[PDB]
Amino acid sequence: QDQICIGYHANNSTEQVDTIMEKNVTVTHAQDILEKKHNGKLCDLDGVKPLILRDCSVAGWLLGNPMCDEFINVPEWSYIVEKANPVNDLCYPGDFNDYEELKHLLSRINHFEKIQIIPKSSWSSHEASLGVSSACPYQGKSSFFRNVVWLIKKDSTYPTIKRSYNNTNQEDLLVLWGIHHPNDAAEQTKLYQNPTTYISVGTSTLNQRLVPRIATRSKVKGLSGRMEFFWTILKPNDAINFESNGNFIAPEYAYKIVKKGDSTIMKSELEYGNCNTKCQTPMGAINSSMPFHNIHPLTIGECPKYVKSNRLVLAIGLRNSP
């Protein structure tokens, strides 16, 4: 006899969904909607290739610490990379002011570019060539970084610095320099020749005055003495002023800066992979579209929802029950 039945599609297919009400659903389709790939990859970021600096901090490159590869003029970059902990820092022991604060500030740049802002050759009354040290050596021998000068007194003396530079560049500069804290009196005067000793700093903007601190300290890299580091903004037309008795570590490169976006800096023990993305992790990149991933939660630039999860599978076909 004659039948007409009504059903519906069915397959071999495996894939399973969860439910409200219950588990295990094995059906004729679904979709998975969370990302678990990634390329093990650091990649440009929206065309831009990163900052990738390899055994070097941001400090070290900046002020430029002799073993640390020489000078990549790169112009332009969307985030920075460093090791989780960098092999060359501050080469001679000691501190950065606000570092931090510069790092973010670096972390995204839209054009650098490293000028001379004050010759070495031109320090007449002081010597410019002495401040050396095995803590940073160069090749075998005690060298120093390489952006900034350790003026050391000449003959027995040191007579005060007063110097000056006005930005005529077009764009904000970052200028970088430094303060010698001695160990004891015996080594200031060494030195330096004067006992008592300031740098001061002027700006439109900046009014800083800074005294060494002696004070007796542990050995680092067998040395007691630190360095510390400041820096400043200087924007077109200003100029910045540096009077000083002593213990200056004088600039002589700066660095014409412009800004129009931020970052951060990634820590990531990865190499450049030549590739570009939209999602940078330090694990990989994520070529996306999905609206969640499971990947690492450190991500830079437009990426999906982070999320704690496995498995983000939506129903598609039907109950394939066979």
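Residue numbers count along the first chain shown, from 1. Whichever C-alpha set is largest while still superposing within 1.5 Å between the two forms counts as the rigid core. First, how it differs from the form deposited in another entry.
- Compared between the two forms on the core, the listed residues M283, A59, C43, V27 keep their C-alpha shifts below 2 Å, save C43.
- Comparing the forms between the two forms on their rigid core, the Cα displacement of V220 stays under 2 Å.
- After superposing the rigid core, the C-alpha of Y79 moves by 2 Å or more between the two forms.
- Core-aligned CA deviation for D18 between the two forms: less than 2 Å.
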Given for the second form:
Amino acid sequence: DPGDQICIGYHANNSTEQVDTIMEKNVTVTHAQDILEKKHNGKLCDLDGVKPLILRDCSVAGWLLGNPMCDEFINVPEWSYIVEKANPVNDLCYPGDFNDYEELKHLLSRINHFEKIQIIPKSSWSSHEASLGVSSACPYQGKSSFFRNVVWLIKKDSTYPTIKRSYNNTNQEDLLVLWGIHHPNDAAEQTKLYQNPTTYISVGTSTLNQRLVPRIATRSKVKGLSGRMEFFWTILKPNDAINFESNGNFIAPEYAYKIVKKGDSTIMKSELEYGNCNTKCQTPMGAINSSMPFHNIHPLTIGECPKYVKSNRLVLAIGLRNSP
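Next up, the form deposited in another entry in place of the form deposited in one PDB entry?
What comes next is one chain alone, with no partners or other molecules.
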């Protein structure tokens, strides 16, 4: 005969979730909680509302200078973030250098919209030749061409009279202005294009005080050319003025960019393309839609995102140890 009884015990079930501990691995428990997000959609999406500027085979340089092969991006709408490939094919179509180029790429990460404006009209070049500035290194479509936002001026008749051109920024927003100098291959070519043998480019701002001088040298062929192009940039503050003076080898501006909207942004390196989707967290490898507090997709994300970690596994133990 059994006298009345009472027992104390604990929960168990059919759960085979496993957790880990400093002293013990793979311990099976009642309840667990995963905190690591591991899945993405392999696609580039809009961020909340907004579509990213996806340069395809274009570089930041190609777009802003206006490489002919970059005509897709002649007047871009506002972006959330820029996507650029690792080695864009259409950079500086005519071989050369973009000065302080990285620092320019930096300003772009807090810029969300530009507005292209003409500050020296191509029609205005009455005593020089605006339309002979064309290269085989810069092909539009078989027709050989040039960068669109800038102008490769050349001598008229036999002469190249001194240029004095100026633009006063009467806008309220900052202006990104681009220009350049051309470095010929020998004195013979120099005097053929520009007449005058000893030349310069001076550029005046309330802050700039520049005088560039073309630099003759014998060089290896790049894309069939030995000459080179070297580009330069500035920010023109509101109510300030930029003043050009030159005498040869001047690659003059036509269009500049007004900085119209600033904000969170980034230049994202990725080979992917537009995914026609939308998320609140984007990664160079795909977008994330998740409640997890942690992910291990890629450290460079933009938007309302989980915190990045490198783990393969992060699971918390919540319930109690489940029966052997």
